[PDB]
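Protein chains: 4
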Amino acid sequence: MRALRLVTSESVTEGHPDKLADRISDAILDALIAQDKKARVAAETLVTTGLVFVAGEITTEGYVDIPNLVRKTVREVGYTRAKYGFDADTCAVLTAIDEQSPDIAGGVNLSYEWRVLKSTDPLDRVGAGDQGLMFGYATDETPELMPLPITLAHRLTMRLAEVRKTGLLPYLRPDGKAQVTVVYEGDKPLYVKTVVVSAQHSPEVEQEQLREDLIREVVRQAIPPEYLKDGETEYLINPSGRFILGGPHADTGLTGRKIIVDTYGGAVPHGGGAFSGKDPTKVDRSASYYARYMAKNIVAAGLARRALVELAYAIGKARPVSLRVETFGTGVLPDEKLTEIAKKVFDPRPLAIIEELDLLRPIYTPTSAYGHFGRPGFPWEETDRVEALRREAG
Amino acid sequence: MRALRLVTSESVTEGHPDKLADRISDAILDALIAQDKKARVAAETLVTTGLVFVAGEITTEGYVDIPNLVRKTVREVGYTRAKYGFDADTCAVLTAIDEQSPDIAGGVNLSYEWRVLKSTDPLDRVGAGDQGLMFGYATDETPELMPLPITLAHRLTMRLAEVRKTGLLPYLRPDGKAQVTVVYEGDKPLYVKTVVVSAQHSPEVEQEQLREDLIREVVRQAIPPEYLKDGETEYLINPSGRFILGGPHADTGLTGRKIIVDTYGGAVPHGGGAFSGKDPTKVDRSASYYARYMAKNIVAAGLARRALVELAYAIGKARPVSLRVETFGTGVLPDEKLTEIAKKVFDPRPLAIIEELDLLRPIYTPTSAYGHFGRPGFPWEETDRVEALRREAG
Amino acid sequence: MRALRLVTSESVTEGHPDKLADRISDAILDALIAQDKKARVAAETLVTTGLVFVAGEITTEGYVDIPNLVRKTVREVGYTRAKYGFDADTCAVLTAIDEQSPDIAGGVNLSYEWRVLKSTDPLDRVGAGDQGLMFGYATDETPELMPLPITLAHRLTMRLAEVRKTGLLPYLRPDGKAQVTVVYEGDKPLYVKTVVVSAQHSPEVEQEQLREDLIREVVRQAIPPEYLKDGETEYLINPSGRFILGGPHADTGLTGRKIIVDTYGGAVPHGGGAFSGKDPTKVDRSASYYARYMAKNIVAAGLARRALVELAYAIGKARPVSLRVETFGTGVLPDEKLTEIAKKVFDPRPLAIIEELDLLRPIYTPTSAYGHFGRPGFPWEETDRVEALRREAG
Amino acid sequence: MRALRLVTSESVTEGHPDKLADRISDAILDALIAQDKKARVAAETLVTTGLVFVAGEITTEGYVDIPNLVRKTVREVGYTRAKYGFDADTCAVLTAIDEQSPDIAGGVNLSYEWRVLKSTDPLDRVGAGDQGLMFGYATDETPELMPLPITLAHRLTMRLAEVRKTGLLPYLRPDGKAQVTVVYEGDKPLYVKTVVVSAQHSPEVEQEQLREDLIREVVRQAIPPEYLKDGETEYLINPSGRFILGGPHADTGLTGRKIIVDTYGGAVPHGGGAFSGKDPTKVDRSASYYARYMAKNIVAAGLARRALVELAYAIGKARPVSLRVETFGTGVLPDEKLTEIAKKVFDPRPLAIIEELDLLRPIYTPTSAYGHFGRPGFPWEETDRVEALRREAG
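Residue numbers (the deposited numbering), protein chains in the order written: chain A, 1 to 394; chain C, 1 to 394; chain D, 1 to 394; chain B, 1 to 394.
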């Protein structure tokens, strides 16, 4: 129980090509929802040398100027000069989007329980567009109720971005990676064994001002003091040689290729779905959000120390084929009872999720980097079902 | 031990736009490696209406005709007529690939333990190209030593492909999905609560002939009769209405958007890496394969009923930052002992992995669908270190 | 003069890939200016296997959904099934347009005579966007006041299109070409020495039924019996073997690669400008139309049998650097007097042209095939300046 | 014959996006012909912001790396920096080439006179791939036997390129235009009325140093002093305001959109065909070259002062449907006699042309700018048929 295990998780900055594609997809989604709140979006972004390629499907009654939005989006993460390896003013923007206003195409189609079963229930009205598997997780290791490794990695990359943006370390460029290996004595994290920060930078800086500055201004700020131990914690700063060129020129970036960074950083299983570029009617996003919501409410209410909520949807069906609650020996009550408690407290049907979390708003661009979970100001991070859960449990 | 839990997993056929992208990427990899086995590949495929768009990076002394290869590849999976929604003969094939002759670029750069630590060890020479987190899994629930739900799902989609290909059900078209919800009594699978198959077909056929044909020719054959139980198991065939148009026309397909389908179907955590389009020097692929190799060998050797092997790599480093073996109370020995045994039996450095499995061969197209694991004839599915493990165990 | 000359001219149908690109480009222009009358468009279309690629520059406060417009446009010229080699439903549509409101960008900046000379004349305010040389032609050999060879070619391809569209020859497909070689009495045509018609067709029909059908339903209708001479006029029908596959699949199509077909078919010099995809502020288009307008009016007023009008523009300048009129010995008056008469009757400044012909209307899609000149219902084909020219002449 | 007329012609520099597309196309053609001399090439290039798009069809089995070749080609023309808006290193290169080896597809198919007529003549064996109309021109106004205005225009843009490339005027950027209006006293050019140079430049230089530098180093070097008259010749330098922003970023460039600049600058009719990206079996190129060859030989032989040679081809036919020679009252013999003399001296069949001019060599890149005609060292500029013509004439 006191045994020692090494647990590793990682994050990338907003300037990473994969994350840049995610941000582009979600920026598109946000603009569309800003003009039309029932807009249906599946936007995929490919990012590569000299090029942004946006493809996918859109159903809306608004119009967004996509190329300008894309260039705007590329500018926000910092690719504004050619020397950085990518430049919003001079790169090509390619569009292959099937855009339909809902008069053409159709409205969202009828669920199985409406069409084959003949249900009059209005919350049954929207079925899952696709087959899906979703996992939500919460644990009291951290104040945000998140696993610590992904939390620390996210803080590292987030801070790495902010020291660049505020001008404190102006030699920094957008691309970046951070990795954290934490020592766990059973379920309790003790300290960080290894921190790795890879930061894109101008050749003006040399490795030792780079290392000292990143350790002092990024690592020690981003990682709580208790977990950093001098002489035992190993700090690796750009261990791969120098990192002058980064972003799209170096590598091809795609929407939905950072789904573990997006979620729990390898602490728990994942269902395979990607978040960005998808409107809330895609259960891949909304049901995962709802799963995080359920798990976080369950843990915050004191019914568990660790909770994993699994949702699964059959295509065309509003109601989940499976709902499960897992407490790895941490539950106040048996897991099955916790499961039924959850079934009565929560409503995992798509329309119900959308209404309960108020998902039809342009709120998704900030999720595009640094994780969808563990951050304040998101609907699925509000623990407002605590007392309902506590009363149902007793 | 007595309580009942629902476990859901799913698969897609080779005709799925995501999986089609995967197959294109791996076909490119196979073709390149056939002519040059020191070839370095990161090929990403976007698939959409009328278009295959291939981007990424390629180092070779070989030449592969990408459009001809793409069209051949689209043909194999069955998209040969416009009516199916995609057609190998008439679609556009776009290329944006940075192709490297090793004359330009360089050889792979020196690892951290070579450059910074001063290792003369040749197995230390190649470092992880990128930071990574990898999970390998095995369990004795099934003969393939894989979790049952993903196994059943894979068998469903695989066979759904084969009845189409043999002409047995000649109205079938390439796209398809299968989902399985299995009832678990704790650790033991009992029976399938729900089977869902969505199959693409010509509209000449209607759903009750479809239901009868798919239930008898796909479900009861692909799933062993013990897990099919009369009166309790529900069969859903095309619950989403009908499936006439499928593949790229309906949806955009991207490389590496089926990573859970590729692996364990949600039984265990995932590290986020995609397999297809990447040569074995990318640890995201080769180390995941190797982790599977270790776990499968450990379980097959009788040291555990279930084994999870975790590998993690720091960028530029040959040696893993974490290596862990977890048996969920199933180990013959304590997990630390099993870990030490694993470290003595296995060598998880990148060069060592490539050499131990001889991964530099054109063997990767068949991995593109129906799972990278649980299938015979792949180097990482060979349990040939069983007796070494048994000797180390005692 | 009694000596015999061979004069050849040719045309293509609306289904030719070059002409398809022209039509796509002009359709975009029409849709944009329909919404905004000062919208600035330079739209270039590339057409190839499975792909329509739209690039160029757009300046507007309107929105046009390019992919649906492209698909509708492709449907109109007849590419509706894969069998034809191109299909509106299944092809890829790519967009790489710099689209700007004048929100950034600007209205056209001030002309040279406004900025450097200080002209207060509002018709002087818009200068030529580019350096240019323009030719307009008219001749009384045909009723449309056009050179006969190009006229007969246009009539041929137009009729081939018409027998295809009405169902008279239902095996015909969109692509087609026609060539005419005429025997000349120095200057006036006697008869057609050779007619060549290449028509795309289903492989069900064969060449002697194709030959009879095309000669009787296309050639003899489109060419007046006066010019067809038994025993001397040679009919070549598909001399290249069968024409099953056509359009974008056989050949790559680009905007502005049929400029001689667009104009006079080689009777007179050309300045190099393309028409399609350009709004009327591009003098390459508007000044050429206007040149045709002047020449046609000059011939219709009886001042000449043949008239060639030369315009030349310096970049940034509203007023043409040269205006010249040529009657190849056919003028009632000396060529200089015709020139000064024209200078008094006509105003070839860009804004002046636009207002005089009312060019800011969605009138350009029908111009994309079968010639910009020689057809009724176009502003520049209106002979409403006849009486003014006649009074100036006397 | 004695009247005074203004004759205007124009040119663009190699950095003009249209001309850059031409150069890329021909660079592709040249590399292919270097590896395979029977290579069949139809390469079309689109050039725009952040993008070079190469499409078309190639039948060869040598191999050329298109992106590398494209970037080299963009570099030589001077686009090496982001501030120019376009850069060989950072732009995306897209390929949609219907590549083929002649094992698949076929060898060139049989000409009409082989397949339908039964000719054993080997020079009849290759027919025209498409219908075509070609014009060749020569006149003794200049030593090169070219019309003077386009000659001067070409010399201007060429010199504007060289003063930039060599560093003489280091503030210059690649894009540029030149126009010349020449005073003709009937047949004889007398002097240049107007020269307009529009040159792309950095904003550090302003208009009066630009004007003096271009007039002194470009205009006066490029135009012989005989045609320049101080006090009557007007020099306009960048009359359209500043020209800081240029190239592909300002305007979209396409292959074959400068065909009049390529040829005779508006002196004579044109057939509509484009040259660049096409191998010698395309009569659009080879027959135009051969027509220039014939005309130049006729003029150089003293048979005429000015000669216009028209060729026309029916699709699938080796032998021209029309051949015409016109001397505008300048012929020693009547134009007819000149025409048949031309028919016996020359052989305008495609294969004969290819052999007579030795066209199967990588010689086409230099033609991509500054005119295909009037330049030394080109096969079609060689006057080696003079004495044969003189003897046939007597």
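These are computed hints drawn from the structure, not numbers from a lab. Worth double-checking, as some hints may not be accurate.
A pair counts as met if it fits within one copy or between any two copies, since identical chains are not told apart.
PhoX-like, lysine-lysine: derived pairs with alpha carbons at most 25 Å apart [said to hold, decoys possible]:
hint, residue 1, residue 2
1, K38, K165
2, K229, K165
3, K343, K188
4, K344, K118
5, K229, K37
6, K37, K165
7, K165, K118
8, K37, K188
9, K188, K83
10, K344, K229
11, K72, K165
12, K229, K188
13, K165, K337
14, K72, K83
15, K72, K37
16, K38, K188
17, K118, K83
Now the hints, each set against the structure:
For the homomeric pair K38 and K165, neither the shortest alpha-carbon distance inside one copy (34 Å) nor that between copies (39 Å) is at most 25 Å. Proximity of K229 to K165 under the C-alpha cut-off of 25 Å is found in neither arrangement, the shortest distances being 28 Å within a copy and 60 Å between copies. Taking CA atoms no more than 25 Å apart as the test, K343 paired with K188 passes between copies only; the shortest distance there is 24 Å, against 29 Å inside one copy. Taking CA atoms no more than 25 Å apart as the test, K344 paired with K118 passes inside one copy only; the shortest distance there is 22 Å, against 61 Å between copies.
Taking identical chains as interchangeable, the C-alpha atoms of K229 and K37 are never at most 25 Å apart, the minima being 49 Å within one chain and 45 Å between chains. When the C-alpha separation of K37 and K165 is checked against a cutoff of 25 Å, the pair qualifies neither within a copy, at 32 Å, nor between copies, at 42 Å. Proximity of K165 and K118 under a CA criterion of 25 Å is satisfied in neither setting, with 55 Å inside one chain copy and 36 Å between copies. In this assembly of identical chains, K37 and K188 lie within 25 Å of each other by CA distance neither inside one copy nor across copies; the values are 43 Å within and 45 Å between.
When the C-alpha separation of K188 and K83 is checked against a cutoff of 25 Å, the pair qualifies neither within a copy, at 44 Å, nor between copies, at 54 Å. Proximity of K344 and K229 under a CA criterion of 25 Å is satisfied in neither setting, with 45 Å inside one chain copy and 28 Å between copies. In this assembly of identical chains, the alpha carbons of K72 and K165 lie at most 25 Å apart only when taken from the same copy (15 Å versus 35 Å across copies). Only within a single protomer do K229 and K188 lie at most 25 Å apart by alpha-carbon distance; the minimum there is 16 Å, versus 43 Å between protomers.
Taking CA atoms no more than 25 Å apart as the test, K165 paired with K337 passes in neither setting, with 48 Å inside one copy and 47 Å between copies. Taking identical chains as interchangeable, the C-alpha atoms of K72 and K83 lie at most 25 Å apart whether they share a chain (18 Å) or sit on different chains (19 Å). In this homomeric assembly, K72 and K37 come within 25 Å of each other (Cα to Cα) only inside a single copy, at 22 Å, whereas the closest approach across copies is 28 Å. For the homomeric pair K38 and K188, neither the shortest alpha-carbon distance inside one copy (43 Å) nor that between copies (43 Å) is at most 25 Å.
With identical chains, the CA atoms of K118 and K83 are never at most 25 Å apart, being 61 Å at best within one copy and 32 Å at best between copies.
Checked against the numbered hints given earlier, the structure breaks hints 1, 2, 5, 6, 7, 8, 9, 10, 13, 16 and 17 and satisfies all the rest.
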